[PDB]
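Got chain U sorted already, so can you dock chains B, Y, A, H and G with the ligands onto it with the hints?
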Amino acid sequence: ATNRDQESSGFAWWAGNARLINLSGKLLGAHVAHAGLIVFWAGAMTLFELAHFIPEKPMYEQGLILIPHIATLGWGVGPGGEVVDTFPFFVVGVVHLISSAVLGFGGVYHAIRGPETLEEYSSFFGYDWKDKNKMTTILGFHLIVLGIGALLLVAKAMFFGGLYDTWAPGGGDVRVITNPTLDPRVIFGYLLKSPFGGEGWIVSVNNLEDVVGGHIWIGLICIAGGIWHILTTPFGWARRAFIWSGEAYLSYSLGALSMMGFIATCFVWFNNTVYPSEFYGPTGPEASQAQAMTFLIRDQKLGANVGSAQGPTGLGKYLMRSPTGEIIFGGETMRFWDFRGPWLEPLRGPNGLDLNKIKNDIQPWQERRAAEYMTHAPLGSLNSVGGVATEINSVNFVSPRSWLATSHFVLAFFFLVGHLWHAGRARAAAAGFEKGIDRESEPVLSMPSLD
Amino acid sequence: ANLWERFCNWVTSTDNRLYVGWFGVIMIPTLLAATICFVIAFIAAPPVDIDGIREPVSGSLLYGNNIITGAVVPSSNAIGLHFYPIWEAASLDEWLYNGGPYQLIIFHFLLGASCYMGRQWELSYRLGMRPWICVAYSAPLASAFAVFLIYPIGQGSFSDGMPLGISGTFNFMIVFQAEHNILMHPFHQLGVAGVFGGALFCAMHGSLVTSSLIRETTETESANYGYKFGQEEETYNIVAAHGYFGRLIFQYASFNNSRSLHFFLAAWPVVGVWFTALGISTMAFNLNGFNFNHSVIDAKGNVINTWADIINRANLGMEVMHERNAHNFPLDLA
Amino acid sequence: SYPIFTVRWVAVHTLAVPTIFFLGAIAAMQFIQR
Amino acid sequence: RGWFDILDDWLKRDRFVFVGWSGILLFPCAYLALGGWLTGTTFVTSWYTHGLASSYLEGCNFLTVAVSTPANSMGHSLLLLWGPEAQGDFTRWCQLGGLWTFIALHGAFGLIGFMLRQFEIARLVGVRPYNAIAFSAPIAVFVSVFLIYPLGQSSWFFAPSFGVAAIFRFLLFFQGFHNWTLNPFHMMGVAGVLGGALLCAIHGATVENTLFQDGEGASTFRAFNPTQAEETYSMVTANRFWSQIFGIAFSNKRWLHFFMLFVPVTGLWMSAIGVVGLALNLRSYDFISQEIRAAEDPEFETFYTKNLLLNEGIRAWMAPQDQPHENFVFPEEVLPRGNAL
Amino acid sequence: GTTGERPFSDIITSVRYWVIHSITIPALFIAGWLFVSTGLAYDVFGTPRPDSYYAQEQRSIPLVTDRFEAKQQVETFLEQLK
Amino acid sequence: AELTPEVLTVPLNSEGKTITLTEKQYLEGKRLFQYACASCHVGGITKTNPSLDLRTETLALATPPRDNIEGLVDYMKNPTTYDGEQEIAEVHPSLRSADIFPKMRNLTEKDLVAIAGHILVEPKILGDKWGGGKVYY
Ligand code: CLA
Ligand code: CLA
Ligand code: CLA
Ligand code: CLA
Ligand SMILES: CC1=C(/C=C/C(C)=C/C=C/C(C)=C/C=C/C=C(C)/C=C/C=C(C)/C=C/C2=C(C)CCCC2(C)C)C(C)(C)CCC1
Ligand SMILES: CC1=C(/C=C/C(C)=C/C=C/C(C)=C/C=C/C=C(C)/C=C/C=C(C)/C=C/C2=C(C)CCCC2(C)C)C(C)(C)CCC1
Ligand SMILES: CC1=C(/C=C/C(C)=C/C=C/C(C)=C/C=C/C=C(C)/C=C/C=C(C)/C=C/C2=C(C)CCCC2(C)C)C(C)(C)CCC1
Ligand code: OEY
Ligand SMILES: [Cl-]
Ligand SMILES: [Cl-]
Ligand SMILES: [Fe+2]
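Quick mapping for you: the protein sequence lines, in order, are chains U, B, Y, A, H and G. Per the working numbering, the first sequence starts with residue 859, numbered consecutively. Per the working numbering, the second sequence starts with residue 29, numbered consecutively. Per the working numbering, the third sequence starts with residue 3, numbered consecutively. Per the working numbering, the fourth sequence starts with residue 34, numbered consecutively. Per the working numbering, the fifth sequence starts with residue 893, numbered consecutively. Per the working numbering, the sixth sequence starts with residue 192, numbered consecutively.
So here's chain U without its partners, still in its complex pose:
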């Protein structure tokens, strides 16, 4: 009975994975087996999506979240996002799923059969949470792996066929990226943009050059930091600043994952570059802009002078000015004038929307895109009735941008809760009062009265 019961480990069954905090072998098996489940789900889900995929329908009408990730990397797709060969999706699917068996085999082996603690079987693999040197080394290795992984995306984009570029001339297309952006004024200018409207911090990245460039920086930085922590041990200010325990390390990562979860939420909701609207559906801003475009086009066809049409409020019915003067679509969509999209930028001039391009240069593909995007706005119900909340049943649709943003907000919020939980516990644990107040030396009893 090596832990495995409350009386010896000190934890109840509902907190039983805490019985592993000091069993490095059994703990390794939990992590590898869990990784197996992650790889498994990436495997099963792709195949499920592939089985259910109808290449005639848009990806965003079919409840697909993983195939749009593979399409974005360049595989399986042609001009305009049209699917040309589904075989790469199959490959991606099967190879993960096969991989999950070897991961699961290793996890179940280490969790059940192998040594419960690695420290006696090998000084390299075993560890103590309190070894500040061993810990930074493990961190340093995983850092290197991350930088390598980052550079793999650079490899795909520069040497192995490129990436899907929604901005690419002529409706979008896969494109090899040959001049990534290395100017650190651009790459790190993204980190210093404010997160508010019309700036959007790193969510505003709108071209594959900046994307590929930034992953070159991140990969090199991760590799340098991997080496750094492999060779160094933490300095005194860092030693005095942190809690050095297994659970405190968990709380740190929980915090980080929370932060990343919230950013991803906003990435999928606002960004139409690394989440192409061809695959993911229009953004909220994009759909709302597309509606004003749609009715500009309709009314102009009937002979309306869209630039001088005074609306009910006194503001223009179709066109007004943003607060800094740019010409923008009218109505409630005035909140979305920061939107940028390949179907709309051809009408942009130095002052915003150009009345002469509006009068003359609107192609049928833009009228098509804007009708398509407006009738696929990311609104819909939990049971996938597409539309506003007062719509009748008919359209079976929820935008994958809605699906991805809602789920990752929920996940990011619960991991912040997990951060606070485990951080506070880790501090209390380290100070010696996570199990309660010592009756024989209750601290408050030794303090002066407040009044």
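Source of the hints: derived by calculation from the structure; they are not laboratory data. Worth double-checking, as some hints may not be accurate.
To be verified - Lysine-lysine pairs mimicking PhoX-like chemistry, simulated, CA-CA at most 25 Å apart:
id, chain 1, residue 1, chain 2, residue 2
1, B, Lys-328, G, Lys-320
2, G, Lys-268, G, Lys-221
3, G, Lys-238, U, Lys-1217
4, G, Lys-238, H, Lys-974
5, G, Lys-315, B, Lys-328
6, U, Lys-915, G, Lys-320
Frame of chain U; chains B, Y, A, H and G with the ligands shown alone:
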């Protein structure tokens, strides 16, 4: 010792009548800025063009409101999610017109309340306490983020955030129902269970401990004098309260472990309010409540209305009237 | 040596036996086509 | 030792499910209210009373099933099975809304029985009956909302129907017609409920995080013995924490648990009173000074007036279907609508 | 303590229990299924079948408009259905 | 009420000849109309141009008349404006524009007829609701 250590000891001193602390160093100025701006705006601010359509809504007492109708009005739809500090306006008058005080109040307040959460952790650590009171506060805090930040983000405008006012709140709730059928959303149904159940369990626990208070007073004095602050013994017989409540239902539907009982009291409303906050936060991204409009049809194909279709009729009346001058195009997409 | 028919026995069966009956009714309903 | 004392003995025997004299009232009424609801949501329509489907058998789900109120033309009839409307015909009874009064009245008496059960058990164990007293607030709510409110109106039609979505319709009816959010009696009830929930969470969290270390494990739950005399957490440290965080703190445990009774109980009582007002259409609908001003000054706008536009939209768009017996015919052109929508 | 009944853990694990209820539970389920599938539930409670909500060409609801002629009204609507 | 062959009998052409659909065809045209048309035409309105609906009285007054199966199948092959004056296959899905409107690719002549039957049968069941917009929801 040196001046910096003297300051650090004062900041973290457990002898201050109010604990300051490092979270308190951020919390105090941001809460004071939010509070002073709110009180002045609620009393005196001139009308605010919330919807960006040159149709100012009067929110303040001096401009003809009372306690129930007055509000700090959300900032203009023309601003969207843009940052609008005082220094971006061309004049205080322009900043007042477009609802600038709303942004200043909510950012200072969200920041200050987040440190309030942290400050609860901090004092719990200086006192030798277990740390999770702050986890409980995260449920009201998350709910506040949902209505002041997350929901404006999803809809693209702080003008769709909740007003700082009594009737403004109701306005926010009614418009939210029309556009998301929040009543039909299970996270809100979880929040109702959370707070109904919280109130019930609050009444239950209060009534049960009071019912089993040990006789310690005469009938002329308040029984509250039967408890002395800091006494070691308990003032009620939990076994007697179990013996009553076990028989009221059955023996095992009743708690006899005080620690399990109180963790249940913490967990129930915290979880429910987490869910309803998650409900607002995900309806920010237009994943709405169940839509059963015309879900029942007969052998010919006639719509057989349910109560869901009646709810939709009321939702439609809110939809077509809200922000009556603000829409030019037939779909209200955000 | 326990009784088998008690007040408790009536309690659980006053609920249980209609519950299972109702379930089969609702189960059968999922196959009603208009 | 007469026959009465012997029946008293058996009713008060210690058994898994205590009966008592109050059981004679409680168990039949609570079972029939329950069963009536389950029966009605499973098998019974609202087609002739409301023009609605309302059971599983018709294809409704758990959110839209209901035992709906009787038709408006029934007035406040008791709708007895042997009464003049159904004349003993059970099928007709279901079709006319008999299950609604069946559930409402048996439930009213089951609630009485449950409160009597709280007095009866309290008296036998020898504790003060504060849990019975707290239960007055649920009773006040049930009677004001399900009995008094329809008695003030034209018929039982306008009482709440027993269903999840049916209750939502009731909520929204109360906004559009009664402006119930504006009512100070509902506001006090809101404060009592949200305050009760606050008190619930803050007290549980405070006890869990000021416990003494009474055992050696990490699950702190095993370090409580219900027979122990000592307090299981520190009132002195809790008090200090809150005095310094919030400025005030409880110091008296008895007052603290009385306050937990008082707050939600008073809240519900206060909302009960406002519903009695609404039975008469004695609403807090308007603010006269603002209507006088708005009528005169077309640039005066507040959130008060914006909400009345919302109320007028609810009434016009929902009345024809919600009140079918009135035969409202509203041509498109009279429907209130803003621009575009 | 125990008020003298047999513990539930005891009963549901006992063989004699599952001998008795391997039959009663599925039989009660079958009977409820039969209740609906024979069309019997419609007739006990008076619930419209998918074909008997409206007459073939009427779009108006058969709403009762009188308190004492009520049952008379519901019968007249049921025969204009034929 | 039930779905009789009387209901499922719709004008085949403008010369008054009728055709009578089956239950399977009607359900087919509803599934296909959902899949291909409902995103703009839910309930017989037209979200991207509310002025034109799918009401039978509206299809009647189109040039050429569209209130019959052949006229509707023709519209789904070569759509025109309301007055016949202009082909709009470039911005309206059709067989003629199945390259830019890919959901039309897999459709066949029997599928178009099913959709047309649905559009023509549906107002005989829903009345005003079909093409009436949210007033009738
Ligand atoms: C998974 C990633 C990861 C993690 C967990 C760590 C963890 C650690 N690092 Mg390492 N590091 C990493 C990646 C990482 N590093 C990489 C990729 C590099 C290459 C650049 C380095 C380079 C590096 C150096 C050079 C040093 C560390 C040090 C440390 C230790 C203390 C760090 C600290 O105080 O926190 C951060 C806490 C602070 C108070 C720092 C200031 C934080 C400010 C407020 C943030 C804002 C500025 C920010 C840096 C950039 C702006 C971005 C903004 C717009 C969001 C800690 C063990 C220190 C150490 O002890 O080395 C042995 C040290 O001196 N790291
Ligand atoms: C991702 C999920 C996950 C993972 C990976 C683990 C992993 C682990 N748990 Mg935790 N646990 C989890 C979820 C998880 N748990 C949850 C949700 C609960 C709440 C109920 C618990 C509660 C819990 C307690 C209370 C305890 C553990 C313990 C353990 C460890 C020893 C397990 C053992 O000896 O079981 C022995 C069980 C068996 C031998 C039965 C066979 C089960 C095998 C392992 C699964 C194989 C199935 C799979 C299909 C394999 C086929 C694939 C193959 C072809 C490769 C192990 C590392 C124990 C521990 O820490 O020990 C110190 C312990 O006491 N866990
Ligand atoms: C990060 C995960 C991880 C870690 C740290 C360990 C660590 C350990 N395992 Mg375990 N194991 C794992 C995953 C892991 N394993 C998986 C996935 C499987 C299933 C195949 C196993 C199956 C397994 C068995 C059956 C045994 C071990 C044993 C051991 C010990 C010695 C391993 C050894 O021979 O190293 C020596 C180093 C080498 C042989 C160098 C080669 C390592 C591989 C081939 C390099 C592959 C790198 C790859 C390209 C990286 C990308 C992977 C993926 C993302 C595509 C050590 C404690 C043994 C043990 O503890 O004895 C009791 C033992 O018997 N493991
Ligand atoms: C706790 C028991 C209980 C209670 C309080 C009720 C109460 C009620 N039921 Mg329910 N009912 C019960 C059990 C109960 N029922 C059971 C077990 C069944 C299953 C058969 C039903 C089935 C049922 C149906 C089917 C219906 C009701 C209905 C009613 C209502 C009207 C009853 C009525 O008019 O009474 C009339 C009868 C009396 C008032 C009894 C009078 C008592 C005596 C005879 C008076 C004379 C005494 C004498 C002079 C002095 C004796 C002194 C002594 C020392 C000897 C009322 C709310 C009706 C309803 O809800 O309609 C909406 C209805 O339709 N009940
Ligand atoms: C420890 C433990 C645990 C855990 C576990 C886990 C976590 C594991 C995992 C596991 C795993 C993770 C596994 C894996 C598996 C896999 C597999 C088994 C695979 C296979 C595959 C295949 C065979 C395929 C096939 C195919 C192909 C190839 C093609 C197409 C078709 C198909 C798909 C058919 C638990 C909690 C329970 C409890 C405690 C202890
Ligand atoms: C890829 C990419 C890119 C780039 C990016 C980058 C380059 C990044 C960077 C980033 C970074 C560079 C980050 C950083 C972060 C930071 C943080 C997150 C920090 C934190 C800190 C902390 C947490 C602290 C804490 C504390 C305090 C405050 C006091 C004392 C104690 C302690 C220490 C605890 C871009 C956008 C262009 C584009 C797309 C792609
Ligand atoms: C009315 C009436 C009556 C009575 C009746 C009764 C008494 C009935 C009963 C009935 C009943 C007594 C029924 C029951 C049923 C139940 C059910 C229907 C249940 C179900 C449930 C469920 C569905 C659940 C499930 C779940 C969920 C959902 C979630 C969580 C988990 C669980 C598993 C819990 C008489 C004869 C006097 C005559 C006159 C009229
Ligand atoms: O409800 Mn309806 O949707 Ca969310 O925006 Mn479009 O109208 Mn307006 O500014 Mn307030 O609010
Ligand atoms: Cl409004
Ligand atoms: Cl608009
Ligand atoms: Fe307590």
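Looking back at the hints listed earlier, which ones does the structure fail to meet?
4, 6
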